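Enquirer: Each chain, letter by letter, is given below.
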Amino acid sequence: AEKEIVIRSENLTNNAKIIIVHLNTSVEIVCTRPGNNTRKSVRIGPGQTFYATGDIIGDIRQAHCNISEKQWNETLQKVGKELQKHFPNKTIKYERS
Amino acid sequence: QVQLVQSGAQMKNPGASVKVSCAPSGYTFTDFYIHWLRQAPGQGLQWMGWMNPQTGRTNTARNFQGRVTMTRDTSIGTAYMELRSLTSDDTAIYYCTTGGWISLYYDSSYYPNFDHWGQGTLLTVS
Amino acid sequence: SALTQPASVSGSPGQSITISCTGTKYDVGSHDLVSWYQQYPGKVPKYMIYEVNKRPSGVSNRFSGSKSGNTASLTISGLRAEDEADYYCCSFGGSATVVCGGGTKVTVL
Ligand SMILES: *[C@@H]1O[C@H](CO)[C@@H](O[C@@H]2O[C@H](CO)[C@@H](O[C@@H]3O[C@H](CO[C@H]4O[C@H](CO)[C@@H](O)[C@H](O)[C@@H]4O)[C@@H](O)[C@H](O[C@H]4O[C@H](CO)[C@@H](O)[C@H](O)[C@@H]4O[C@H]4O[C@H](CO)[C@@H](O)[C@H](O)[C@@H]4O[C@H]4O[C@H](CO)[C@@H](O)[C@H](O)[C@@H]4O)[C@@H]3O)[C@H](O)[C@H]2NC(C)=O)[C@H](O)[C@H]1NC(C)=O
Ligand SMILES: *[C@@H]1O[C@H](CO)[C@@H](O[C@@H]2O[C@H](CO)[C@@H](O[C@@H]3O[C@H](CO)[C@@H](O)[C@H](O)[C@@H]3O)[C@H](O)[C@H]2NC(C)=O)[C@H](O)[C@H]1NC(C)=O
Ligand SMILES: *[C@@H]1O[C@H](CO)[C@@H](O)[C@H](O)[C@H]1NC(C)=O
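Chains as they are written, first to last, in this note's numbering: chain A, 223 to 319; chain B, 58 to 183; chain C, 7 to 115.
Keep in mind the hints are simulated off the structure, nothing from the lab.
Just so you know, not all the hints are guaranteed correct.
Claimed, not checked - Calculated pairs, EDC-like style, for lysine to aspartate or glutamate (alpha carbon to alpha carbon, straight line, at most 16 Å):
| id | chain 1 | residue 1 | chain 2 | residue 2 |
| --- | --- | --- | --- | --- |
| 1 | C | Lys111 | C | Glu88 |
| 2 | C | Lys60 | B | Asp172 |
| 3 | A | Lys307 | A | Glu250 |
| 4 | C | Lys52 | B | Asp172 |
| 5 | B | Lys69 | B | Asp147 |
| 6 | C | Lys52 | C | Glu88 |
Based on the sequences and whatever the hints tell you, model everything.
Expert: Structural data, given as structure tokens:
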């Protein structure tokens, strides 16, 4: 959204409804799977193949995602600042899923 | 800062298995790969196989696959080499080297840096 | 051991020489890791280059290098009598194997 962060919901007085937030600016995210996998094909019946993961060439590593913490902290702070308005002058926090 | 100080001279007969080893010092053993290198007299270096010290996974060049087995030693740091089906043509000096940097986010086994060396062990087989 | 190389290139004090490292498609061509190693004659090698065209601590400017597509080449600029040695090319070798060059001596008259 061109203007600052928007907050949307049906009825904020109800706790069940899901809030949807549009950020004023994006935050870059990257995800990777460093393992150099391989694919092999095994044929079944007629000319009807099925692919599956072969052997991991090289070393094994865990797939991970990277998020810039500077932008993320700034954006989380801004969303907290906005959410503090609709709910009257309370503290605001974020916990695990 | 890093010194590998391997074993001295070793002697074996053809067809046996040789225990070549290198004793890393001056750094935390489980933070760098271990790359093993051949140097037969007169020809250039030939790569043998990289060793991960944290986890025991290993690899070997196709000219040596099957014949070469290796294990780690985190207690002392002295990684071991085993060359089964030994031959007199393997009368070559075997080297031990610190590879790249091990990390949790990018495979760095094949990074051919080889910063620090050992002093060459004169292994002759006959 | 693959990686055909100029197995002996002579010289004299003062001039620059380019020592090559020939790869087929994968070892040098696929990715961008190459390194050169100097054996003092009959002794253990040591270190001068990583990432083709950079240096570690304890190496001068003369031991330069650069990539040339399917071939990487050290550039010993200003060869002198100290260069009586053999400069071994090593590089990524496809799959997860590191290959080593065939060697090349540098002789100073
Ligand atoms: C997601 O985000 C995460 C971040 O959380 C990303 O993870 C990080 O990714 C970085 C890059 O991908 C990676 O960076 C490397 O870190 C290595 C370790 O750094 C620490 O130790 C060194 C040494 O103590 C300190 O200097 C440093 O400040 C840190 O404390 C570095 O070693 C790496 O640099 C080396 O390689 C590069 C090539 O890319 C060279 O240009 C550079 O000069 C370094 O090379 C020297 O060192 C290596 C071996 O370490 C030698 O082989 C080489 O010849 C050079 O030798 C000199 O230095 C050695 C000491 O190393 C010395 O003994 C020798 O005598 C020479 O003087 C590189 O900087 C981060 O480590 C990594 N984070 C973690 C926690 O691992 C992740 O990638 C992201 N993922 C995605 C998908 O985005
Ligand atoms: C990631 O995995 C892929 C898939 O294995 C690797 O690519 C493969 O690497 C091998 C190793 O050299 C290639 O084999 C070569 O084939 C030629 C004939 O083309 C042969 O002359 C050589 O002796 C060797 O057998 C293979 O072609 C190649 N395949 C593909 C699709 O690239 C890749 O190197 C791995 N990369 C990393 C960073 O782990
Ligand atoms: C998986 O097991 C098969 C045996 O059926 C073996 O040939 C293969 O090398 C194994 N692969 C891995 C990655 O362990």
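Enquirer: Please go over all the hints and tell whether each is borne out by the structure.
Expert: Structure-based check of each hint:
Straight-line distance between C-alpha atoms of C/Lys111 and C/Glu88 comes to about 13 Å, which keeps the hinted pair within the 16 Å bound. For the given pair, C/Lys60 sits about 14 Å from B/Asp172 by alpha-carbon distance, which is consistent with the 16 Å threshold. For the given pair, A/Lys307 sits about 27 Å from A/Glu250 by alpha-carbon distance, which is inconsistent with the 16 Å threshold. The hinted pair formed by C/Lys52 and B/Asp172 meets the criterion: a straight-line CA distance of about 8 Å does not exceed 16 Å.
Our distance criterion of 16 Å between C-alpha atoms is met by B/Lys69 and B/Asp147, whose separation comes to about 11 Å. At most 16 Å may separate the alpha-carbon atoms for a hinted pair to count; C/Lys52 and C/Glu88 meet this at roughly 14 Å.
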